[PDB]
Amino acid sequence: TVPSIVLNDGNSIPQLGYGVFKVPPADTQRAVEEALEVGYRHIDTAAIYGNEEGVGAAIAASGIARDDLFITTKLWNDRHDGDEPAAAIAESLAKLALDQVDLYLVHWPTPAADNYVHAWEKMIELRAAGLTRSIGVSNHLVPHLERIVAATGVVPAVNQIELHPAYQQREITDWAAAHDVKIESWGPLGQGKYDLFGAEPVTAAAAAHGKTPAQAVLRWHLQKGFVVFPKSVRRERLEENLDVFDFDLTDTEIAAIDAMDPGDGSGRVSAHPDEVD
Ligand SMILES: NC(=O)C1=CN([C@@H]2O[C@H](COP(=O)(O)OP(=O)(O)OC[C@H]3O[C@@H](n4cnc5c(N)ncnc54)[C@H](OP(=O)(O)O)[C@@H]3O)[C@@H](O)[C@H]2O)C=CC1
């Protein structure tokens, strides 16, 4: 039924949602219509995904009240400077055809450009302007975090990062936990970049509960306190991935999955912030 988690700002976010990364813009409307139909209420898009349009149409097409929906969009890398943030969100808003998004994020820190503090400053402006209910960042390291916070005194609501069994970024989640910041896992199912489902601590928890391996992972994230939003273009999967409030892995089972993280950062499948310009 998807539980909702309380953010540091007093806003609630549905623990499981649907991501649109890699869904072609042209198929984006159907893709989202289905997800809404199936039962999903939290959509994760990005200006860079080029599909805010489909997302908006779908939402419009569906009969759901805005209140029951949670839209999240993101601020692209080339828009951190000056008042580009205000221009950026406004265009997203027009694409999505909404009055306001639920959450807005700084897509990447782009540390070489040294403009993330500035972008965060502006972010705080958009929230006060009512353009977005909450603000958070994505792909920010602990140093990035400490700085933006020390600089503004405004803690981000979330931090969306690459997170899965083989690469957990514990230093970040740990920090996030002490700072009342919620973690959003991206690429929660390894983005299909490695045999996650064949993983034995994975296969073991699956058969033990009669769930699929994909479902075992999600439940892992979920029990860890993470917000997840897997992507799939297949109805079956939307349904499968949505049915995970059933079981409950065991402490030991959770331990077994956790141990999949080598600790040398070798399980990473995507880009490291220090490489994204
Ligand atoms: N803020 C950021 O920097 C980023 C955020 N994200 C967000 O996180 C989302 C999720 O990560 P994403 O990169 O999409 O990777 P995911 O880890 O969620 O994996 C998606 C892939 O796994 C498949 N999939 C989904 N469910 C299942 C299942 N039960 N069994 C088998 N395959 C399955 C999909 O195939 P198929 O669709 O064909 O079924 C697709 O190939 C993105 O869509 C986006 O919203 C992603 C990247 C970066």
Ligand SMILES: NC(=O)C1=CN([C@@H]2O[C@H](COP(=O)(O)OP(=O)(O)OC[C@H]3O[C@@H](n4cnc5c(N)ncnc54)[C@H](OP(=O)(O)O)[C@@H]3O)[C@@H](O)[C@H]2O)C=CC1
Contents of the next structure:
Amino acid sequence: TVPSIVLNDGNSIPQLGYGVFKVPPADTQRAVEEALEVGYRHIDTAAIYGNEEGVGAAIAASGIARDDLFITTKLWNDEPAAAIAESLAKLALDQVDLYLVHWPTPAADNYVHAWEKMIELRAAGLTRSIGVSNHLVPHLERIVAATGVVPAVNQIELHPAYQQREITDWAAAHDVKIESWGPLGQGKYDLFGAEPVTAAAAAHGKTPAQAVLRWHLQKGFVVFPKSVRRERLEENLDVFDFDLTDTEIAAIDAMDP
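The form deposited without the ligand is what I need now, so please give it after the form deposited with the ligand bound.
Here you get just the chain by itself.
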């Protein structure tokens, strides 16, 4: 099953979650109920852009203890507070488990302020944990030095061809968990056809997608494979029954230059 990762604030998070994806608002409830039945307990609603009413309905009708669920969401575009408050209403929840704000600005003149706001959100109990996205080592050092609060999570683009090692190393050194955004390259390159990928799939009797997912997992990363078809939901979840060897992992790691 899905292992629970330790967050720096005392909370634990299921390593693999369901990313609500490609679902019109009316079918959202049904989709989440399906993920719940499959076995997912970690839900990420980012991709639905605030169309969370259906998510709330599913949770409410699920029968699952609040404490057994992990609700994640992110602010896309002074407004995290307004944003989260609205989401809470839609979700019919007192708080979410994890809240993340957007990539720092090219102007880099507000990410600190943004972090201060997140800290207040947390203090206000709107979210149990606070994290960031696309924060580089310098961004991270800056917010920590400025606020004294270390993010629980840092969401960054991550896949074999692009690993952002500086970030992951730093994170590991400071107890920050990494969430792999676009874990499978987003179909931008031939990931499934890569020798290191096919080789692992073949050896373990898994699919290439599965092998890659496993790679992230063994590396200690948090992932939200964006599933649509039940078949995929299933496969995406069934990646805890095998282990890539150290050699298998290194071959994949070598995919980046």
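We call the rigid core whatever largest set of C-alpha positions still superposes within 1.5 Å between the two forms. Numbering follows the first chain given and starts at 1.
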| property | result |
| --- | --- |
| From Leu249, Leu222, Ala47, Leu242, residue displaced between the two forms - CA threshold 2 Å or more, rigid core | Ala47 |
